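Just one chain is shown here, as C-alpha cells, and it is the form deposited in one PDB entry.
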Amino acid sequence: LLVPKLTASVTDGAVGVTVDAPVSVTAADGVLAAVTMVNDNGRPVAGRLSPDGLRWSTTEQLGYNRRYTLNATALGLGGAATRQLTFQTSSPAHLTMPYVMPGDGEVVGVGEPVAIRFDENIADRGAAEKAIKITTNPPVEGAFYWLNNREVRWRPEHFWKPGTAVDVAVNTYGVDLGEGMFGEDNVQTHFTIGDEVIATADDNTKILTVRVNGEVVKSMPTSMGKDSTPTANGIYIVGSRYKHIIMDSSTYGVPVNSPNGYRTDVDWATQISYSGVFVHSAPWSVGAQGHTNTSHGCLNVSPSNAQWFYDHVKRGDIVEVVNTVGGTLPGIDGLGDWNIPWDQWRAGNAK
C-alpha cells in the first residue's frame, strides 16, 4: 500500500516563477482531496480539479510580482500526504504591449505582412519571435524580419495565395523579452487573404494599371514625383485609406516651410508608404496626368480614379512603381517589405 505522492509545477522557495503557464499539482497513488492557492493578500486564486481527481490547475492569469502559497492534500488507500509551497513570480523592470496588424477578421490583399509592433525597444528579439505562433492554411513557409527596434514582420517568400487563413498568437505574457522587460499581455488576430490586386505605375507611360486576378480592370493617367522629388521605384503595400486627409510633410520629416515641404488637403487618399506616398485625387494636375510628373512623390490621379482606387483597392494589395528616375523604396519603410530579397528576409536579423 503506497503513500500518495504530490508533484507541483513550482518548487517551495522558488523565485522568478514565470506566469506564461498555469500552476499545477498532480497526485499519484491517490487523488487530490484539497488544493488551494492564495496570494500575498490572502485572495484565493481560481483553479479547477480534473474529474478523475488527479490534476489541479489555476484557471486565471497569474500576476507579476506576487508571492503565492499553495496547499495540497492527497488521499489514497495507502494514506495521506500534504504539502505547503510558497513561491514568488517574475518581477519585471518594465512592461511592453504588442499591437498586431492587420485587424481581426479582416480580408486583406496578397502583400499584407503579419505585423507585431511593441511599444518599447525589444532587447531579446529571439525571445519575441519564439513567443509568436503563426498558423497558415494552406500552410506556407514564412519568416520574421525586424523593421526597427520595436516592430517585427512575418511573410512568405512570394505574395500570398488568395483564400489563405492566417492566425497570429502573440503569447508574450510572462515572457522575458530582455533586460527585465516582460510582455504586458497576450494578443491575437486572425485574417484572410482575398483577391490578387496588383497596380503598376510605369513612368514610361505615366499610367497606373490595376490588375485583378491578372486582368486589367482600370488604366489611370497619373502624375508622379517631379525629378527633384521623385517617386521611388519598387513594391509598395497598400495601407490605410481616407475619404480625405491633410497631408502634412512634417509627418514625414520635412518641415512645411522648407523647399520640399507641403501641407495639402486631398480627397480619396490611399497610403502606400510610410514615407508619405499616397494615391489621391489631384484636380490641380489633371492636365499633367499621363504626361508629366509634378508632385512631391505621390501618385496624383483624377478625382474619379482616386475614388475608384479607394473603393476597389484594400489593405495589403500591391502597387509597383517602375522606370522612375528615383531609387528604390527602402525595405524597412513600413510598407516596403517585399523589396528585401527573400534570402536576406529569411535569414532575419534577430541577432
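Positions refer to the first chain, counted from 1. Definition used throughout: the rigid core is the maximal C-alpha set that superposes within 1.5 Å between two forms. Compared with the form deposited in another entry:
Of the residues checked (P138, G105, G214, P259), the rigid-core alignment between these two forms shows a Cα shift of at least 2 Å for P259 alone.
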Second form
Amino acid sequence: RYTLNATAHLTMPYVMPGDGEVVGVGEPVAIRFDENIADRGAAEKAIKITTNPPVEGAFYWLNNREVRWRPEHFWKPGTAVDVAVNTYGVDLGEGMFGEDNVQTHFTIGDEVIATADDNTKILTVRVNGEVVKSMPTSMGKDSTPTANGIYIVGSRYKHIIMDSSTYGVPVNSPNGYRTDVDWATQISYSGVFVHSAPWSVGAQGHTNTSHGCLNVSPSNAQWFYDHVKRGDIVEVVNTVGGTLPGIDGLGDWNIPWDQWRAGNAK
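Given the form deposited in one PDB entry, state the structure of the form deposited in another entry.
There are no partners or other molecules in what follows, just the one chain.
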C-alpha cells in the first residue's frame, strides 16, 4: 500500500472517472497507460473493481494502452464504484513494469438518456425514464451522415472551434470546416457533438444539414450543457448512417456483452 488517488523504464496508469466524481449511467471505468502493454491479462489481473450494489462487469481494450470496464447494462443510479489499480512493480511484459498504484472512488447519478430519432428529427431527453426536454434537431446530411448507436457523453465546452482536419478532412475540402460553436457537448471521439447551431434553427426538426453533429437551438444546447454530465447517454436511431465504432472512445456500449465479456486479452 503505497497508493496515489486519481484526481479528475516504467508505465504510469491513469484512471477515469476521477476521485469523487458523479457520472452518468454509461460511464465506463477507464485505465490508460503511458506505454503499450504487452501483457494485457497481467494488467487486467492487477485491477480490482468493487461495486455496491455488486454488479458483474468485464474488461475490453480500446487500444494497446487503454483498458475499459463496464457492466452488461447501464449502471443503476446510486452505485458506488471503487477502483484499485495495484500495478506497482507488476510484470506488464517485454521489460515494462507498473510505476505505481492508483485508486479512485466514484458514484452514479441519475439515468439521463437522450434519444435522437432520425424519423422525427427530435432529440428527447429522459431523466429517470421521464421526458424532461424535447429538442428539434438537425443531423448529418445524407452525404456526411450521423452514425447510429449509443454514445457516452464526454467533455463539455462553453465555446470551441471544431476543425475537420483534426479528423483528417482538410478544411478547404468539400466536407471541410473550421467552425466556432457555443455550448458544445462531445459525444464521440470521432468528432460528434451536441451543440448550439443558430444557423440551422430553420432546419432543426425538418432536415439534416450537418457534418455529423446534432445541431440544436441555442437555448436547448445551453440546456443540454447545463444538465448533462460525463457518462450520460445519447442514443441515435434510424439515420442512413452506420454504427459508431465500439472502439471510438465513447462507443463502448456498441460492443455486445458477449463479445465484450469474452474480452480481448489474448
